[PDB]
Amino acid sequence: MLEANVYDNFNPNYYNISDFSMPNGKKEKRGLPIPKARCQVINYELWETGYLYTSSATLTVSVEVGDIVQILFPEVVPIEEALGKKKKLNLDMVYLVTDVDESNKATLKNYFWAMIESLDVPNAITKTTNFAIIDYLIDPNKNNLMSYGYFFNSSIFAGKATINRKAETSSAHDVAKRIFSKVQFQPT
Amino acid sequence: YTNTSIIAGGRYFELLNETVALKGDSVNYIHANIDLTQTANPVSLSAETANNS
Amino acid sequence: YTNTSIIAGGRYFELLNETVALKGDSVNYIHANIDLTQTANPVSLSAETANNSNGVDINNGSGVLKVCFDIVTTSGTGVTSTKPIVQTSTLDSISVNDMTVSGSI
Amino acid sequence: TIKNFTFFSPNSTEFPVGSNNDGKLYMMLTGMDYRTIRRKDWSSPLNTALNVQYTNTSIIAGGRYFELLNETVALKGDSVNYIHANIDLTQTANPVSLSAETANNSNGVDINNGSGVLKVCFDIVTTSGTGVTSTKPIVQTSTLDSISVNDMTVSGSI
Amino acid sequence: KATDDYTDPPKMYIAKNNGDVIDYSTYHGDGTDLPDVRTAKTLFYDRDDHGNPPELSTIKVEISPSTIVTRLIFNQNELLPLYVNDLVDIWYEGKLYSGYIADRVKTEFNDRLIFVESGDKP
Amino acid sequence: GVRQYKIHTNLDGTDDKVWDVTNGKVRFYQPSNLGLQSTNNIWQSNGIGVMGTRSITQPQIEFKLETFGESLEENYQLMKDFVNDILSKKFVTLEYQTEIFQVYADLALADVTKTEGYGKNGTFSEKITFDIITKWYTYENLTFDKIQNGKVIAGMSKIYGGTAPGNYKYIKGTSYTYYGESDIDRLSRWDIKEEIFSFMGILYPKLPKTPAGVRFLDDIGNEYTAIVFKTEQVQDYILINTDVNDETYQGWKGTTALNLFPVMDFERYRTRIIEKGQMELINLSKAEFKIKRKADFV
Amino acid sequence: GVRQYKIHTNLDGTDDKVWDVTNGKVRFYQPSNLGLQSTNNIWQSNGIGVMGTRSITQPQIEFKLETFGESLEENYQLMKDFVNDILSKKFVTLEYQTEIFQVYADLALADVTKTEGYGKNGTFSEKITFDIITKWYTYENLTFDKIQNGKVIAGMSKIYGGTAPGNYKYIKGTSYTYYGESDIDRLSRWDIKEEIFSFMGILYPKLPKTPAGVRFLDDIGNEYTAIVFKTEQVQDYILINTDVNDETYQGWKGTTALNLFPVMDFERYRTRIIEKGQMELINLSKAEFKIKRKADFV
Ligand SMILES: [Sr+2]
Ligand SMILES: [Sr+2]
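Those protein sequences? They're chains A, B, C, D, E, F and G, same order as listed. Our numbering numbers the first residue of the first sequence as 1 and each following residue consecutively. Our numbering numbers the first residue of the second sequence as 189 and each following residue consecutively. Our numbering numbers the first residue of the third sequence as 242 and each following residue consecutively. Our numbering numbers the first residue of the fourth sequence as 347 and each following residue consecutively. Our numbering numbers the first residue of the fifth sequence as 505 and each following residue consecutively. Our numbering numbers the first residue of the sixth sequence as 627 and each following residue consecutively. Our numbering numbers the first residue of the seventh sequence as 925 and each following residue consecutively.
Do not take every clue at face value.
Label pairs and their computed distance ranges (CB to CB) [what the hints assert, rightly or not]:
id, chain 1, residue 1, chain 2, residue 2, range
1, A, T162, B, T225, 54 to 62 Å
2, F, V870, D, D491, 15 to 23 Å
3, E, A519, A, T54, 27 to 35 Å
4, G, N964, E, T536, 51 to 59 Å
Calculated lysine-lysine pairs in the BS3-like style (CA-CA distance at most 25 Å, straight line) [claimed, not checked]:
id, chain 1, residue 1, chain 2, residue 2
5, F, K819, G, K1004
6, D, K386, F, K819
7, G, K1013, F, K920
8, D, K349, G, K1177
9, E, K625, A, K127
10, G, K1214, G, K1130
11, G, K1051, F, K753
12, A, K160, B, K211
13, G, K1014, F, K902
14, F, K690, G, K1051
15, A, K88, G, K1200
16, C, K264, G, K1177
17, F, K902, G, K1013
18, D, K349, C, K324
19, G, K1154, A, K88
20, G, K1044, F, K690
21, A, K36, G, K1014
22, G, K1004, C, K264
23, A, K127, E, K505
24, A, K87, B, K211
25, G, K1200, F, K902
No lab work stands behind these hints: they were computed from the structure. For every residue, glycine included, the Cβ atom is placed at its ideal position computed from N, Cα and C.
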């Protein structure tokens, strides 16, 4: 089986407050909590990015809608954040619980797509580079879910943004899909 | 490694026709691993995703 | 409680290496509970969600006396702060030479 | 573990209460520490040259009660003596002993919980070459958390 | 006005637990007075004839909470019978709910009632 | 020695006709299953087993019902009298009795058969099937416990004795152990040791217009449920029954039975399930309780 | 010689009541199936067969449960005792013992029967069905291994001996081989040779406030999982159980048991399944381990 860390909703109305006293002295944003329960995931279908289908899993503990599920793997992923710099990143599959049935089978939605929900973006923002759109989309002050900054490969998002149809107001989902298709990348 | 000598932690050993399998489209960090409890084979080589010295 | 003495309803008892389990991310109200019918173990401790002190007269009548003596605040991992409950002295008339007040009169 | 005391024992063995257990109880009731005392002179102490005889004086030091019945204390010539109550629990026959010292040597040793000898000053005796000149008693400190009172009278200050 | 476009950055408005709508930037609390979950929405506005930004109260209406009312469908108790159009206060699993008996279902087996809470609690 | 089965019309009630099915004219023989079935919800991923929650299912009980009449008239009269007595009451209580135990089941009549294959003097061999409401529950008598004052002993207790003006000595182990309490007769514990579901408590109130009923306390001295009634006049006794199937509340005065449900405190009565702790009497001079707690397999 | 079946209420626990179902009063006979079933997911394209992943499914074991009492009273007393002991614990451990092996199963009560067909002195012959949680796992004591210094030999070892000022010769094959290591008592390997699923370790910690607990190393000397706790005071022993059904992480100090779940490092504890390599003790003076490892068919 796979190990799961169940946390309550990463409410940005709570965690987006710089009142945490750091050991040096200065104030930083509230850190993520400890899992309310450590459980194990059985009878699962887990998607890495959630480009086409939504994930599903039957969890041992009785999770509820809103809770964040962190699926753990005993392996490490090396991500190149700077030209030469690489960092030891532990393998994770982070989802938001959308619905739980009678048999405790939880419908899991990939954290990113559940974060950029209901967010609309005008044509004015699509005029600049792809970096400007990513910097707009990922913001814990606007988002439904908490985020402590993105990690991005400059070379792939260096290019000029794709031209919008009718130069209208598009949703964060439609623009991300349009951008991720041209750049040939998906978020994790 | 056809004929490579290594000194790690003051311990001398030779790699004589010793093949290390690599990960594709990746930067492989080749490590010498010394475990003294493994009496018969104390040294082994690994190809890793990071420098884990 | 490594070595704490308590007087509740005029009854003296000692807490010697007595551990009370707490609720995480909560304000725990620590109570001393006295049940005289429990002849072998009349006193027990509890960690509760509210101050549930009941003022039950155990020296004149029946019932369980519950009295809060400590307030222990937790995070998800451990204790963040502890505040004791005030010890009230109710007196009729006082004759004194000198007094020091740290709070207010 | 919870050690119960002010509770009846049906088999007469369940809840025995000792000297230290009651000692701790008395300290909490009056609101005193190991640095202060509870002292009352039922009859004024007599002064005979460089000696002080306590006719009838009751003292509660570290929650332990004892009476001084015509107990004479030797004094130092032309010096400000400090009368101390010394409690050594190892001396099963005579735990309390008195001493007139040069300075206030109140140690505040926890005798009811741990080991040691408790020293605490209760009376200051100022003497000359011949006899006692003046006597001043040590203030009885009453440490309390909150007071609900009707009327009060202060002779010193607040 | 100058670009006739939405060139300027957005202003985020949060509705507190009491109901007061404030700018998110103006917030100085600990999160206890804010909702446990954040359901967001993006709104577009056109500047008035005077040119002034849209009023706070007008935004408030588009971000207001709806009347959450609990409906209890239960079997008829012969110890205390309840009928259609009766003003009632029901105790269910330690919680008190207040409202009226809206309907009654006559079946061959049982007799049931629908309880509708009228709300207006605080 | 041998097993005794008994069918009861209204167990815990006054109008309880008892049918001795082991001994009497109508007999229950060869029970189908007296055991139990359980569905544990065990799902296994990669050979390792995870267990869910076990729903402890009870199977129907089918008895070989034989009649022992003297004539065809007598056997027909038994079948008609027995089966209709089971139909008159919404549920019929069975009693499983042996040398070691006495348990009860609340069966509901599922199926009874009537055929024309008569043995000698029109005797019957038929199968009677029952549906289970509650399978195995004890019907124990619950009573309060009294607290007694410890004996006074010289040197061991707290007294100022011997030579005037009295003396009590502190000793290691012996010291002063208090004798008891002045008016210890004021302490009475109605102890609850195991979790109960239903109970038939008769309660006699003391004062009229003062809330009368029983309250329940947990292990920490906090109240969870209380059956509290308010009355205008003193009802000689309040006859409360917590059984779900035939819940009964009634204040008896003389020969008149009054329903006390609308006059009961709805806020205080939070649950029917009684937890480990104690029970306190509110405005009650006397009480007689009959406790009925579960047993899955016996 | 012959096979031994034993039922354990709580294997790996102090409160372990053992029922000898081979020798004792309550006996298990004729197991339904001790084998296994597998679903291989074989899909075929144009006559050629492609095989997926084999889900090894374990079937219910049904035993012919017999009682050996001396009276009707004793046989009823066995059925009540044996079945309730199985119900008291959420899951029961079977012990399949033979001349060659000693395997264990984690069973859950599926169905038990009680009938009135009594043999002699109220004898019982009933069928007991069990649901499989984990089938066949070895329960063994895991201990560390010690390394000892090799003997010193003249000419073979690195020493300057014989005629002054000492001489060591380079030979072909025999040459110089080091004897051992100074303080070879520091080297201790906790060896993991086969993949293990759960374990019951009693950890003895050294320093307070320093993360104390075990970590697991793979074959290349890297860490995959670690159960590490950071306590405020020195626990006399940390008890850790990796069993899925009843996980225990308690720090005992004296007679007091403390829950160590919130103090644990959630990020380091990546998996429960231990792989081939070695175990390292972080801030530990002594360690005592019991390793359980699964076997599909035995
Ligand atoms: Sr009845
Ligand atoms: Sr166990």
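Hint check results:
In this structure the supplied range 54 to 62 Å holds for A/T162 paired with B/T225, their Cβ-Cβ distance being about 58 Å. One distance hint, 15 to 23 Å for the beta-carbon pair F/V870 and D/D491, is violated here, with the actual separation near 51 Å. Restraint check, E/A519 to A/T54: a C-beta distance of roughly 29 Å satisfies the suggested window 27 to 35 Å. Evaluation of the 51 to 59 Å hint for G/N964 and E/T536 yields a pass: the beta carbon distance comes to about 56 Å.
Only pairs whose Cα atoms come within 25 Å are accepted, and F/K819 paired with G/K1004 is accepted, the gap being roughly 21 Å. For the hint linking D/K386 to F/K819, the alpha-carbon distance of about 54 Å lies beyond 25 Å, and the restraint is violated. Of the supplied pair hints, the one linking G/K1013 and F/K920 holds, its CA atoms being roughly 17 Å apart against a limit of 25 Å. Straight-line distance between C-alpha atoms of D/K349 and G/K1177 comes to about 19 Å, which keeps the hinted pair within the 25 Å bound.
Between the alpha carbons of E/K625 and A/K127 the distance comes to roughly 50 Å, so the proposed pair goes past 25 Å and is violated. Among the hinted pairs, G/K1214 with G/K1130 is consistent with the structure: their alpha-carbon atoms are about 21 Å apart, no more than 25 Å. At roughly 23 Å between alpha-carbon atoms, G/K1051 and F/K753 fall within 25 Å of each other, so this suggested pair holds. Annotation: proposed proximity of A/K160 to B/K211 is violated, straight-line Cα distance about 33 Å (limit 25 Å).
Of the pairs offered as hints, the one joining G/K1014 and F/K902 holds, with about 21 Å between alpha carbons and a cut-off of 25 Å not exceeded. Distance check on the hinted pair: F/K690 and G/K1051 sit about 21 Å apart at the alpha-carbon level, within 25 Å; holds. Proximity of A/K88 to G/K1200 is assessed by CA-CA distance (about 23 Å); at most 25 Å being required, the pair is judged to hold. With a C-alpha separation of about 20 Å, the suggested pairing of C/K264 with G/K1177 holds against the 25 Å cut-off.
Proposed proximity of F/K902 and G/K1013 is supported: the alpha carbons are some 20 Å apart, at most 25 Å. With a C-alpha separation of about 24 Å, the suggested pairing of D/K349 with C/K324 holds against the 25 Å cut-off. The hinted pair formed by G/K1154 and A/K88 meets the criterion: a straight-line CA distance of about 23 Å does not exceed 25 Å. Between the alpha carbons of G/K1044 and F/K690 the distance comes to roughly 22 Å, so the proposed pair stays at or under 25 Å and holds.
Under the criterion of a C-alpha separation no larger than 25 Å, the hint pairing A/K36 with G/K1014 is consistent with the structure, at around 23 Å. As the CA atoms of G/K1004 and C/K264 are separated by approximately 39 Å, the hinted pair breaks the 25 Å bound. With a CA separation close to 19 Å, the supplied pair A/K127 and E/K505 stays within the 25 Å bound. Annotation: proposed proximity of A/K87 to B/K211 holds, straight-line Cα distance about 17 Å (limit 25 Å).
About 49 Å separates the Cα atoms of G/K1200 and F/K902, which puts this hinted pair outside 25 Å; it is violated.
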